[PDB]
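Protein chains: 10
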Amino acid sequence: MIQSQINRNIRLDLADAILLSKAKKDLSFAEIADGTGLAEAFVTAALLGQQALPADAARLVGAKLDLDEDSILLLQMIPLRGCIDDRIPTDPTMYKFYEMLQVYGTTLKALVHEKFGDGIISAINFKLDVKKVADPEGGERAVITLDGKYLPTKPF
Amino acid sequence: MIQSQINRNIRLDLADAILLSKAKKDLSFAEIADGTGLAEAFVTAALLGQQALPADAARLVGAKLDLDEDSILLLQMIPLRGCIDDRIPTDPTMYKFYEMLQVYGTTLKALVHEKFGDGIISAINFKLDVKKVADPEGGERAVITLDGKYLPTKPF
Amino acid sequence: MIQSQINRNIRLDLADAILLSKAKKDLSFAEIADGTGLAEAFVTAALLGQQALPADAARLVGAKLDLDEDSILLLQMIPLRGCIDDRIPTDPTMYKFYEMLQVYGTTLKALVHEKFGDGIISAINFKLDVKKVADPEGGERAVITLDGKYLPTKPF
Amino acid sequence: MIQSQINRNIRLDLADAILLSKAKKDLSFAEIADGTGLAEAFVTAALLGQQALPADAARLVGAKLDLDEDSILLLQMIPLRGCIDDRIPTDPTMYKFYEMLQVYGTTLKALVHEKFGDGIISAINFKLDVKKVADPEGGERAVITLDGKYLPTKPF
Amino acid sequence: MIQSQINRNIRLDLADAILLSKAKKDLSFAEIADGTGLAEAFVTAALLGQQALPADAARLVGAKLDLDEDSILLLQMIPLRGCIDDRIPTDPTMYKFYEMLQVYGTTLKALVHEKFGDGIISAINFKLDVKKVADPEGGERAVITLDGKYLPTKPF
Amino acid sequence: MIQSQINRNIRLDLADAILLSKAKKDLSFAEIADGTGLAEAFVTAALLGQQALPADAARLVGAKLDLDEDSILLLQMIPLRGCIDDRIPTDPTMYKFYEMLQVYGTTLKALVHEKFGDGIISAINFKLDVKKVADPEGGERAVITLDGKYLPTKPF
Amino acid sequence: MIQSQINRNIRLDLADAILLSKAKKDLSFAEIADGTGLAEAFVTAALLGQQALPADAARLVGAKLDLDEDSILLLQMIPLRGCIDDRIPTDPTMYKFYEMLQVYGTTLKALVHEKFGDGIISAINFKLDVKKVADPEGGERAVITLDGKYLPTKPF
Amino acid sequence: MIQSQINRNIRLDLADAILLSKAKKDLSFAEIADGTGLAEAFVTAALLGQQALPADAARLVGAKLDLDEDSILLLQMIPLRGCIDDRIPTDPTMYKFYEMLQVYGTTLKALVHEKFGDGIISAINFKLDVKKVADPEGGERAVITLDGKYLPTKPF
Amino acid sequence: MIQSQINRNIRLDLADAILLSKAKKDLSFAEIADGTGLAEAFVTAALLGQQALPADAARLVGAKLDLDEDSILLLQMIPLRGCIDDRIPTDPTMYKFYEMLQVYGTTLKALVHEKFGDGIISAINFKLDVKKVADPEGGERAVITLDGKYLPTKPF
Amino acid sequence: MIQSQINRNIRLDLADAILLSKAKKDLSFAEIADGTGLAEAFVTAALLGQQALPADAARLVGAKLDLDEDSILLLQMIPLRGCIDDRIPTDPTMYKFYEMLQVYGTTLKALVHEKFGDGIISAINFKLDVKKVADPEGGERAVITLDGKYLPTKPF
Ligand SMILES: [Cl-]
Ligand SMILES: [Cl-]
Ligand SMILES: [Cl-]
Ligand SMILES: [Cl-]
Ligand SMILES: [Cl-]
Ligand SMILES: [Cl-]
Ligand SMILES: [Cl-]
Ligand SMILES: [Cl-]
Ligand SMILES: [Cl-]
Ligand SMILES: [Cl-]
Ligand SMILES: [Cl-]
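Protein chains in written order, with the deposited numbering: chain D, 1 to 156; chain A, 1 to 156; chain B, 1 to 156; chain F, 1 to 156; chain E, 1 to 156; chain G, 1 to 156; chain H, 1 to 156; chain C, 1 to 156; chain I, 1 to 156; chain J, 1 to 156.
FYI, nobody ran anything at the bench for these hints, they're computed from the structure.
Beta carbons are placed, not taken as given, at the ideal position from N, Cα and C, and that holds for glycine.
The reader is advised that the hints may include incorrect statements.
[As the list claims (entries may be wrong)] Straight-line distance between alpha carbons at most 30 Å, and here's what the computed DSS-like set of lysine-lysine pairs gives:
1) J:131 - I:127
2) I:132 - J:154
3) E:154 - F:149
4) C:25 - G:64
5) D:127 - B:132
6) G:131 - F:154
7) J:24 - I:154
8) C:115 - H:64
9) H:115 - G:154
10) B:154 - F:154
11) F:127 - E:127
12) D:24 - J:25
13) E:115 - F:149
14) C:115 - C:127
15) C:24 - J:24
16) G:132 - E:127
17) I:131 - C:154
18) H:24 - H:64
19) D:149 - D:25
20) C:25 - H:115
21) F:115 - B:132
22) D:25 - J:64
23) F:131 - B:154
24) A:132 - D:131
25) F:115 - B:149
26) D:131 - J:154
27) J:131 - I:132
28) D:149 - A:131
29) G:115 - H:127
[As the list claims (entries may be wrong)] Pair by pair, the computed Cβ-Cβ distance ranges are:
30) B:55 - E:131: 55 to 61 Å
31) B:21 - H:69: 35 to 41 Å
32) A:1 - H:88: 35 to 41 Å
33) A:87 - D:137: 29 to 35 Å
34) B:129 - H:86: 37 to 43 Å
35) H:37 - C:37: 44 to 50 Å
36) E:131 - H:37: 29 to 35 Å
37) H:9 - F:70: 49 to 55 Å
38) A:87 - I:152: 36 to 42 Å
39) J:55 - C:37: 44 to 50 Å
40) B:131 - A:143: 39 to 45 Å
The task is simple: from the sequences and hints, build the whole structure.
Written out as structure tokens, the structure reads:
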């Protein structure tokens, strides 16, 4: 039977223990998500308390990280989602995504309505991925792809 | 000589004036960006107060929207950027982007450090586009691509 | 061409003007929505800056309330949604709905997960209605029906 | 003799103990509420620290979840209600109920005053239920019914 | 037909107009409420935008303050209630009532539960009055009486 | 010699222990303050961390609740007062009192200045009591009396 | 009859007009307060919207600053007090008094409870002055005296 | 070698242990500071985590309160200063000093600039004392003196 | 006589006026500060409402920007300082100085105490300059130098 | 393989442990960073949880401070950065750098755009140093140099 959480700190504590294990084993997130059938981002978001793993993926990543039974079971719980400590990120890496919203949120609204119509892009019916790409000027670029279903507001 | 703003309300007031004129003339953002050299997202951001237009583009959009000279000039100022009224958006369209951060923010961090290293994805060396694609299962998907340069932290 | 807002105050200023005109003419919301083809909840929300009316409905309610042409046009814009002044309602009537969330919000989470799965009830593919019902123990009850599409989260 | 709580953290910690014991036993909220004489939504709220169970119900559920006597006693205490961590939910499932308020809160005010009068719909003399039903267009909808007593403001 | 507001500022602006008028006429609130059939605190609350006046009362107080027709009309509207600018009062006279809550809030909960049970003291079915008495050790005391209906929460 | 706290959490954890003790022994707040020479509301506030008990009261309540000697001593310190977790109450019982302030707070200011003059009603030279009184329309009413010294501002 | 305000902006806008007049005329606060029978801290605070001037004083300053009669009448009304824009000063001169509270706030408490007892030092029955006095080590110090009554807290 | 803190809770936890010890032994702050050569306000602020003791003072107060060597050493650390839990005090005693700033804050600024000039009054080159002075009209007055160097701003 | 401000919006509104004027005349801050005797950073801060100009400088920049006499006089007032609209900057250029404090805040504390001792670095006895230095690796750096006086805290 | 953190408290707790060890051994930060290859500001930031140490440096400082292996590993993780407890610093030493931003933030934007163009100064590609210079007038000045790469904004 589906089980769900109501206090994010139970899964966030476990996130921290997972990350300590990961480090001691010198693991990558790519290699933890290998063999689960599930994208890097999805599996990583789960370890970090933001998705549920199916029973088999839970058992497999739990094997790779030496997790007790209670942990493997926590990973299959539907989480109380929300990874930002207090609304606005302090961490520069995370912050720059928030800054993208402070610069473009209204343009994104404006252009979503023009191209699709009244309503929203889903973050539920949704995938993302992060791709490292060569910058043609030297260095590297991240291509983060947000792929969500257009959901129209339709009048009643 | 480059000129800059310190109070966002001046450009955000102009943005409202622009949208009314835009509505009266029944224009699209695609049409307004036509003949500027500049991507739709970049030109939309500027009208909405989040980017400067070069003089030529400013005159060009300004003639389309029948803007006065002060307005054409304001559009060339470097803005006091920040489009969200009060940190967290109320508007469902804008809010879903914020929610993507609440679900994936720590995943984006984790994976950025794994793939690139210690540093950040730029919001300044950056590009975004919004693309509509049909959904195999019916409907339209929005694919929003955030494209930023990786900037490493290096020890000193 | 679809036109969208970015500053809630334009439509909220217009809502206040509409509400004064309404009261001068001694109209109900029922009678303003009558003839539009649209549900009284929808037309009301539109008046109050939270939905867009189609042009014909905008002209009808325009004529009823004696609104000018720019006002009828504003009523057709896709709003910057968000009716609460500062996140938490101060008004007792509005506040009690919030209070229902403070009491039942985790129970709603738990029961959505058990009855539907991992995901959300949509507020976009959505309708609500308010019905007066006699209370067998004297007086009147409000039955408020919130009706939204289940959107699952599925792993990727 | 009636007993009451002043710090939510005591029943919320108990909430988390309950959900782990629930998860370990692979129980459902429906089967914990069975035999209590009480709605599923009522008993769940109580598990999650938002209502008091009567001693008979507290004893029945405590023996389902193997809880100690101090816990069975806590469940009968009148709680310090408020399930939301910091005012605005971060969890998308919970958040969408809040989003319903951001969009329709003033419509609900307007329509309660129109249909009932000056006053409020009670969150106390109140019930709720959640039903799953097929959507004629395909998929499933949730029907959440909020059923409260109208309490008039009467002048003095 | 009943009419209601959704932005407190329209009625708060009218409050400031009422009070300038009152000052110029050197009127008290006792005198404005006289002949109204309504308690001083009720009529005052209404002038200050926190209650609605019946039509006769509104015309009567408007006669005494020389208010235009729209104003007399605004006083009959159901207000968007909430007199505190930004949640916590800055003004020392108002702040003390807030302080009484910081000191006695939890005692009031405890003693409401013990004396009545699980539920709330109504703020809607409610009367308020302020009485000046002599202090036995010299000076004056304020005896403020909050008189609200007990509404139990009962299981469902 | 007089002893005082600077962090509310010491006394509030103590309150949680007191309430647990109290619940086991199935005591009321009536019976705990009995024998104390002090008003029910004063003694309850003290147990809840919002008042100091004198040593004899501290001893008498400590024997009834079976508290250790360090606790009986803590009960005697002058508290770091402030019972609301985070400024606004989430609990519907405590919240109605905050709502009374949102509706009537400016009316209280206004009427205080009219009856007494420029200054404040004391919450330190203060008492409160709660009484049940049957409502002749049916059920029960809570009559809460707030009784505070008037303290004028006088120019200097 | 005493008149009072409920919106601070009305008196704060007047403070701004007073200050520009005061500058045009190159006046000091000492000169404005002279011949008034009142301390410069008191009179200045009134001009700044935080105290009420008695009628005589009000007419005296109003003459100095060339104020209209509505402004002289406003200076006699009882203000909605609170001079800090948003809880915490941004101004370095003002902020430093706030920093004195962050460093020494708990000490002040501890030492008021030691020297006087349970209770508070008044900000209402209160005098304030500011002296420039040379520093024996060189330069100038500021000596600011907060002279307030001790208001005890005792059982009931 | 000078040592400093970055997390206030280490010294604030110690502060609570000091106060429990102080109470158990029934000491006063005047007697803890006596023999130290240091002003009572200074020594008290250090005990409460807002100043650092020199090593001999740290040893001397540690003897009187029976503290361990880890504690005595902590007392000598330069603290992370900030005694107010969350910006605005909840405690009536501490709050009144905050209210003094809400009333007199702009006046203190206006009178600093008049009497000294453009700059600030120091909270660092600063002392404060608290004297009891009986009132001509009866009871006692607290005369708190804030004595800080004046630091001008001057153009560069 | 020294004249000071107490509402930042008067000088910030002027700041905007100055900025439009500046842009119309296509002037740099470098050139406006020329001839005033004052550092470009000082003169710019003044224009932006964060410093006062001496009469002569105010009349010079006044001539340059075509300001009227009330303005030239506002430029000479001691401002109510604080340039950030709502505590945390939204603008990427201003935000990165805030991020400097989030990353290095505690390091600056720790190193200040190690190198100078207990106390602060002044932001009043202070100056800053911004200098463009070529980066060896390609492009440009800004070297921003903050030059403040060490003000010790020492006991009393 | 690179390891990163998502919860600042793990490393902020280690920072507290480091500082106590550091206190006990009476070390300075200059000594701890000696032999590290790395600047003092860089290494201190790392101990305080705001930078990652390369393995050799981690091993060195761990030896000096007697840190266990889990700790030496932690210091190599990429941190969840953000040293400020709750956005605005309470500590006077930290606070003055925040005030520099409230006074000069917009001046820094302005001069950055004039001297470099549209864009930001990096806090990532960044060096920071703190130096003591004798004050020609008497005492010591702190010169903090912030040295960051300029990152331009250009249209796409
Ligand atoms: Cl969604
Ligand atoms: Cl960037
Ligand atoms: Cl949705
Ligand atoms: Cl209710
Ligand atoms: Cl249900
Ligand atoms: Cl109610
Ligand atoms: Cl008081
Ligand atoms: Cl008081
Ligand atoms: Cl200082
Ligand atoms: Cl300073
Ligand atoms: Cl950067």
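Hint check results:
no.	hint	in the structure
1	J:131 - I:127	15 Å, holds
2	I:132 - J:154	19 Å, holds
3	E:154 - F:149	13 Å, holds
4	C:25 - G:64	25 Å, holds
5	D:127 - B:132	43 Å, violated
6	G:131 - F:154	22 Å, holds
7	J:24 - I:154	23 Å, holds
8	C:115 - H:64	20 Å, holds
9	H:115 - G:154	25 Å, holds
10	B:154 - F:154	51 Å, violated
11	F:127 - E:127	27 Å, holds
12	D:24 - J:25	29 Å, holds
13	E:115 - F:149	23 Å, holds
14	C:115 - C:127	20 Å, holds
15	C:24 - J:24	29 Å, holds
16	G:132 - E:127	15 Å, holds
17	I:131 - C:154	22 Å, holds
18	H:24 - H:64	12 Å, holds
19	D:149 - D:25	38 Å, violated
20	C:25 - H:115	19 Å, holds
21	F:115 - B:132	7 Å, holds
22	D:25 - J:64	26 Å, holds
23	F:131 - B:154	21 Å, holds
24	A:132 - D:131	20 Å, holds
25	F:115 - B:149	27 Å, holds
26	D:131 - J:154	23 Å, holds
27	J:131 - I:132	20 Å, holds
28	D:149 - A:131	12 Å, holds
29	G:115 - H:127	24 Å, holds
30	B:55 - E:131: 55 to 61 Å	59 Å, holds
31	B:21 - H:69: 35 to 41 Å	36 Å, holds
32	A:1 - H:88: 35 to 41 Å	37 Å, holds
33	A:87 - D:137: 29 to 35 Å	34 Å, holds
34	B:129 - H:86: 37 to 43 Å	40 Å, holds
35	H:37 - C:37: 44 to 50 Å	45 Å, holds
36	E:131 - H:37: 29 to 35 Å	34 Å, holds
37	H:9 - F:70: 49 to 55 Å	54 Å, holds
38	A:87 - I:152: 36 to 42 Å	38 Å, holds
39	J:55 - C:37: 44 to 50 Å	49 Å, holds
40	B:131 - A:143: 39 to 45 Å	42 Å, holds
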